[PDB]
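As structure tokens, one chain now follows by itself in the form deposited in one PDB entry.
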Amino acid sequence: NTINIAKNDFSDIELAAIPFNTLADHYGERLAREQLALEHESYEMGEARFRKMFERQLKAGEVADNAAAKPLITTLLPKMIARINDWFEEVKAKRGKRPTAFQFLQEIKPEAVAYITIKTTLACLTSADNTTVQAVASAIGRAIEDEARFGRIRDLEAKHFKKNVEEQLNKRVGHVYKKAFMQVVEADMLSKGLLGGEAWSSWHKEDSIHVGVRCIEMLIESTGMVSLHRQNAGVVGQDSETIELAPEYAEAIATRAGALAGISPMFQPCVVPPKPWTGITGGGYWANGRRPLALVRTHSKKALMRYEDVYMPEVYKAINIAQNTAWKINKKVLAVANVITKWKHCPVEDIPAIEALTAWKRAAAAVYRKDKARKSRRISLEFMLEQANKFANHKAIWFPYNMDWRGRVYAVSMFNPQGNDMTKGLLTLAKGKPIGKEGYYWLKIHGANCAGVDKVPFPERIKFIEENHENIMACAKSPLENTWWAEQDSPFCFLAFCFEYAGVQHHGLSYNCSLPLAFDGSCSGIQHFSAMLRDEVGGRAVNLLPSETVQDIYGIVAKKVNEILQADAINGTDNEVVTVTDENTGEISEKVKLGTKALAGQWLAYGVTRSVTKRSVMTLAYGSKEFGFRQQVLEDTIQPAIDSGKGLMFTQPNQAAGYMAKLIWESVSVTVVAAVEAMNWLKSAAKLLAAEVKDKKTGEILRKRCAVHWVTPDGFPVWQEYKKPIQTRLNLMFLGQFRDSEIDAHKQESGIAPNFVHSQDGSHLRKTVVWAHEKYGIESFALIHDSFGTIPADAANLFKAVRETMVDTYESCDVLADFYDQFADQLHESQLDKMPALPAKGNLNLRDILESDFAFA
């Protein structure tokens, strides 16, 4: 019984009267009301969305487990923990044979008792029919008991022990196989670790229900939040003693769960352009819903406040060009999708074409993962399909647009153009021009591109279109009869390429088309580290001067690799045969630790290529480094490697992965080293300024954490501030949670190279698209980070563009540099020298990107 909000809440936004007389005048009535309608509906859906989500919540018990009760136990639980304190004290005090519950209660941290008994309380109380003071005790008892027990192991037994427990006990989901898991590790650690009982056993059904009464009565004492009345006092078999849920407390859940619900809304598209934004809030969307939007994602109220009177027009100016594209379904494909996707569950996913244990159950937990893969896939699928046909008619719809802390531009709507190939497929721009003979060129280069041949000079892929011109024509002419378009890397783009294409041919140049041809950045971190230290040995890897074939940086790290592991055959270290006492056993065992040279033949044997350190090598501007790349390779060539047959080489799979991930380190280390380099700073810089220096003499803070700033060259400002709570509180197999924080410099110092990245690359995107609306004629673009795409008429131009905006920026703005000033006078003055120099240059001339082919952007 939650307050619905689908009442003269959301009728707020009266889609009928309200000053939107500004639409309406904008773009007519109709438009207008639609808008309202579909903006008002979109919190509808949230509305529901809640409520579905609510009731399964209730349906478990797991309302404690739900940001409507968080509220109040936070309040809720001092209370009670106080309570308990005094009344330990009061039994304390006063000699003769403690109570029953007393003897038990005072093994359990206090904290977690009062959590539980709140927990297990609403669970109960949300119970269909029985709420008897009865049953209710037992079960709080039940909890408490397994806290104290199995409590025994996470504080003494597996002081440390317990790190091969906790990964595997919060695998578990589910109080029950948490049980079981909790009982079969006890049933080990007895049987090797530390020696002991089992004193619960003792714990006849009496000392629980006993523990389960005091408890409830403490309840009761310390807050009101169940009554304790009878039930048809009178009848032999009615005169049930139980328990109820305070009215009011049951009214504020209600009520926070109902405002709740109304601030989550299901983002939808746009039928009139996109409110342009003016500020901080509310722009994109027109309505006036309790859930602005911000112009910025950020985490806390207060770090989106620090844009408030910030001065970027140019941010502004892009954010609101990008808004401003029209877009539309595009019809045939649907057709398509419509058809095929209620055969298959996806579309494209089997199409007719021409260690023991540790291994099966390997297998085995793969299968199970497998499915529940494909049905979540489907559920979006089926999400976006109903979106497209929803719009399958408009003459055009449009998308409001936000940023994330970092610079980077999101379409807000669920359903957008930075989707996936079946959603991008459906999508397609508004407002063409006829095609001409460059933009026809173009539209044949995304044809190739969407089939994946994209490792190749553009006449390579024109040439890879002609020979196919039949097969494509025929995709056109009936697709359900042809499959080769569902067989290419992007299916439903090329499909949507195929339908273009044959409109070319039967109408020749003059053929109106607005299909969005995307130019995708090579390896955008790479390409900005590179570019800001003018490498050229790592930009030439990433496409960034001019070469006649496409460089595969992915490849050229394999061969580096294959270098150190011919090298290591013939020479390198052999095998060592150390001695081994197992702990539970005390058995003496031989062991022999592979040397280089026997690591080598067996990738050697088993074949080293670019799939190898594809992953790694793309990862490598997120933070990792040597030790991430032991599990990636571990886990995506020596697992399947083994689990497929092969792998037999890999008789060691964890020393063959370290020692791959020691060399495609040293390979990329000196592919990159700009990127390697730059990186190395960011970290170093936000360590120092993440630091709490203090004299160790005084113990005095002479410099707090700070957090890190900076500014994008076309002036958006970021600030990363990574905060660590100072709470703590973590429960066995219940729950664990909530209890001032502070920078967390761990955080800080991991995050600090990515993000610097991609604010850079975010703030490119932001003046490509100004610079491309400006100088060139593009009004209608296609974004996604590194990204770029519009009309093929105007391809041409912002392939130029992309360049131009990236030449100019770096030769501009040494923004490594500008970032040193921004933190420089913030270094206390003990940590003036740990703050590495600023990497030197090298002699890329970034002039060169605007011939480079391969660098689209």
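Here, rigid core means the biggest group of C-alpha atoms that superpose within 1.5 Å across both forms. Numbering follows the first chain given and starts at 1. What changes on going to the form deposited in another entry:
- Superposing the two forms on their core leaves just one of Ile280, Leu682, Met182, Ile445 with a Cα displacement of at least 2 Å between the two forms, namely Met182.
- The Cα shift for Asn797 between the two forms, taken after rigid core superposition, is smaller than 2 angstroms.
- Superposition of the core reveals a Cα shift of 2 Å or more for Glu147 between the two forms.
- Remark: with the core as the superposition reference, the CA shift of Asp489 between the two forms stays below 2 Å.
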Second form
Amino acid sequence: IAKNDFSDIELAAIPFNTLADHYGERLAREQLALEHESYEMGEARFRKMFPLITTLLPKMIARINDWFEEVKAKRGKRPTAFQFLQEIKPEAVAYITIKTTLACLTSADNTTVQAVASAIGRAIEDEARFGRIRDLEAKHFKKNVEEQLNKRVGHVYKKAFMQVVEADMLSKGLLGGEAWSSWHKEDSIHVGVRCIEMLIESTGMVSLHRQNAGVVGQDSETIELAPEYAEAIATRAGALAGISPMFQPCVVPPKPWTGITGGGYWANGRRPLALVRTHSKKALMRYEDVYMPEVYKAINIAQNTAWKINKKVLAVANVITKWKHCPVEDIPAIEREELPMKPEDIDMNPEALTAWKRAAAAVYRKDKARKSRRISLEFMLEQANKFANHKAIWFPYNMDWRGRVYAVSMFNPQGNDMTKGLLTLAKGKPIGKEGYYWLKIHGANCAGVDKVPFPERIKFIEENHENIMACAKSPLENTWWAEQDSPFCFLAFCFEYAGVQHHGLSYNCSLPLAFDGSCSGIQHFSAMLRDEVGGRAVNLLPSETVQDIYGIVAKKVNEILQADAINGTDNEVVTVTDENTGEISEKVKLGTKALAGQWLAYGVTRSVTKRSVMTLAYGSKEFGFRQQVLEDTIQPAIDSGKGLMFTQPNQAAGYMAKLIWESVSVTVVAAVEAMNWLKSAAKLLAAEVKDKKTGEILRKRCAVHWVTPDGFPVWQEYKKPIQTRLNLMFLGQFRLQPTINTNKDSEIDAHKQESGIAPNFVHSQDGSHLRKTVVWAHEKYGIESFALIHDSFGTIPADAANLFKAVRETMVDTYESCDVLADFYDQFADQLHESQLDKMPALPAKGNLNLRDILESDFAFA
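Other form of same protein, the form deposited in another entry, not the form deposited in one PDB entry:
Next comes a single chain, given without company.
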């Protein structure tokens, strides 16, 4: 390991020496400096900005040590937070916070004082340790190198995109150790809060508020950034200038993996990376000794995927985002969102002010979301304008306990349209014909044209030619590209399809082409049992037409809608003539007879029968569809004036769900049956056992354990947290008692462990198929670039073909020699359950559909 081997005096030397060694030197320094950028503000970097962080940063810095006095002078006990806040350079303590705080804020969802603090406290610890190493490394990567100019130049402009090396030369000094927080979540809270606390005193940046008090279930405290700053983030460009996510790209090939920790970043002065983001220590420790070469090589290749900033897009990106009315509504405007003032009168509770409590909160619920999506945008935009030039930039990868592959950089190619459109590769090659074709294809996919045969897609392109004959020239005028489902990503194409015609099929192209199936997981299910209609629905079959699984269930459910629209039942009795009004909720259970008549009045298309579908891969039944169909289509409908027919909503919601669950239950029959099967295994395999009365017991609730195709092990270990609260006199005002979970539990939550065993095993696959994919595709068709998004594996226009094919070749080959369902069993037959065994088997019946029919499946790429 790193430590125990050499004294910290040099642990910060090896990384730099080795770095400067390959690649270059100029780029070597900027690297660890960059990595450092996620801990403390550059003394020089700062003096260079001569606008926003500039103001907040110092005010905070001061307050930090300034607070250390107030505490040092006082007698009595000292605020715990302090106890470990002192031995830490304040110039960092402040910086972390701002960012880390601004970071969390970018989450329109969880902004609860819990999260932030977690996020802050973590970093602080991430600096508490690696203290000197984080510093001494600087004094080191500061001094020049050992002579040499030529080879020290950095790359000699040699356009060859330097490739990383191997564990060989890799000095044992560059590894990883305990990448898990050593502090107790309890204390980690004291720190952040206190940080936050002092961030408030110093800078008013963000304020804390009591969200929906007295609400025993939805009661919590969150921090909402102050307007001032918010306002100077939509207008004042580069506002977050010096602000950079605690994780940024790299302008050099990343440090290859070979262990549970020790990858992505080089700088041994920071926090190590976890190959598998495990919600625990032990879980990750299991992954130590695995002997799973296929897993590593896979990620190693993905990580070594060089990226370039789409200089053209950016050019317009940061431009329009500052327009009062941007052609992209997906962009949080800069204008202020008013609201319907008090409804004429004042003291009334009919349906006006009664519903006003929910007719006015929309703005109080949206002003919070906008600021989110905006703070986010400004982030991706800074990094862009930041690396805009950088020759090449890599993204480090990680994977959840399930396998799925995530990029570590917050500015990952796995983000929104803006973000993706602003990315591209570099090792491109003269697209040629094969590519040009798919290029025009990718244009359509993005153009929202994914419901038709390729021939009709390409057609779509040639048809809208002149539509681009000016879009790529003066987009600032050609507001057409900003209409397609993904304008940004589309534009990127508009800029290629334009030049490809200015240079010919010789026109090199680095733009990655995206390939996404019809409905992942559901595709894999129909693959491990061969659901005849299943694959045919998830387009997995060599169909001649685009089978919209979502749309089939529409007409399908629509069919049953006409049924109950003729007979069904009838408006059941109210709830009047009774004893003493025991239950007056809904004085009419209505009937399926009039229900269909309401739906047929709304339309019911693929829309409604959408979410409820995919979600099925996560565990969505008729119970769940109620809420979905409601808030997704019913609830909002009426909250817009329409939906004037839905007299009793909740009921109608129970109606469609009903219809829905049916329509699919018989379609993707394999999926459900499979899940129910899985969902059945866990239970009697998760819940402990006892004995013939008395009380004695034997088998202890074993943690889910099985192995993926490529070899990636995995455990569910869905333990049950043991929470508690703290007492914190926040800002000498009140007492903030945080309810937090203790990262030292041991108990396990069966229930969940159950409802999750199935839906997880899914991704585990469609996330494992992927690895094998890229690997095979690497050695098979010598591929290097991969713009994969869990199920959207992409590559250069020329590597399209090999990819488009390779995916199948794996999906098949894999679910062929391998038997997920079966294998899983063998993974516990004896290891897990002992006696009984029975009243649980009932293997799922297989279907007749040779997987080779996939190698030719035109659609359903994934």
